[PDB]
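Here we show just some of the chains, and they stay where they sit in the whole.
Letters A and B mark the chains in the order given here, with residues in each chain numbered from 1 onward.
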Amino acid sequence: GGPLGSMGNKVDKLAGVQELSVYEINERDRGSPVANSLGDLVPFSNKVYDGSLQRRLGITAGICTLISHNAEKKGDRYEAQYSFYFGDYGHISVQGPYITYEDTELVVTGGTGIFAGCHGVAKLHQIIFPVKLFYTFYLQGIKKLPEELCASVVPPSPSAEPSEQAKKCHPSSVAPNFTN
Amino acid sequence: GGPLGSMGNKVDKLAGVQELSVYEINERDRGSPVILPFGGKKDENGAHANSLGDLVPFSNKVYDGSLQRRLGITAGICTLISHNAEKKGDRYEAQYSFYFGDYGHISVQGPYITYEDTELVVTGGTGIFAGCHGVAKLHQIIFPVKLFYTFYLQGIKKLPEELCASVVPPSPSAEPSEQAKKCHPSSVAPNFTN
């Protein structure tokens, strides 16, 4: 261990990529929406749970703008800018496509707190449109994620539900000062 | 060898910059752009007058630098910031993306100014553009229907040759090929965005 170990480790961090998965669920209590012609603006904010569905982490918040309608695909293209809030852990910001009829990949434009300085991509997977979504972030350039955010991930499916305690925001099942 | 070479190549990639030029053309076939006259300042006739807060969603076509291949589209929004009686100098703040079909997309954020070249932030990308950062130079050829961009992208692997063809010098007479306009299979990106 020494000079070249130091430099190597620095480079390792700069290039390293970590996975982080979360569920976004519209529980229809925040008055968050749930057209066909370019122009419609859709502000939104849903709840965010961890990959294991045992912890309420926070919320999403941002806007979608309708771009185009696809007849044969039966859906619409939106361009979106929004953030994922994880309480005191910090937040992650994204920019890119949200399309009603398919999964997409968004740009991770950066983050705060433990996500400070991150960059990469977020894979958006639609389980039930539009109320149940699953995301996997691929984050480059940050330190090791805390174990509470890396619990075994429940495979996305229609049956996948947050725990009762997570839904009730029980103190054992929330992130520190979880965003609401 | 290995160790110092491996480290070097890793750093080279993190630091390396590649240029990419494309043409953005509004062919007036997408209902774009739309005016959302939210500023709502009326003039003397009974018409629209630009004011802070007017929102402009938009989506244009994207062709490669050689103008021989249809790549995809832009999609996003502009917000009116400042304006006056002069054609030149109206300022918008914009957030939008460039879609390159299966290659991925690039997102940008920054200034759009009528009749002025500007530079925007490349906030990142996906696919072959995953993890990139840098800037995009915006040049208006024919305001507001024909634009030209050169991206300076840091942090990603060598761009494929199809996206690095000899660039047609940007001028008002620069036009996509007939093949590209009609989206002929030999003149489009894989699953080009539409």
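Just so it is clear, a contact is a pair of C-beta atoms (placed from the backbone, for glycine too) under 8 Å apart; a residue touches a chain by one contact, two chains touch by 3 or more.
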{"item": "With 2 chains placed, the number the full structure-file assembly comprises", "value": "3"}
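Basically, only the chains that are shown with their structure count from here on.
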{"item": "Rounded Å distance, subunit A centre to subunit B centre (Cα mean)", "value": "26"}
{"item": "For the subunit A and subunit B complex, residues of the former touching the latter", "value": "4, 7-8, 11, 14-15, 37-39, 41, 65-68, 77, 79, 81, 95-97, 105-110, 119-121, 138, 140"}
{"item": "In the complex, subunit B residues that touch subunit A", "value": "3-4, 7, 10-11, 14, 30-32, 34, 36, 55, 57, 59, 75-77, 95-97, 99, 104-105, 107, 109, 123-127, 130-131, 133"}
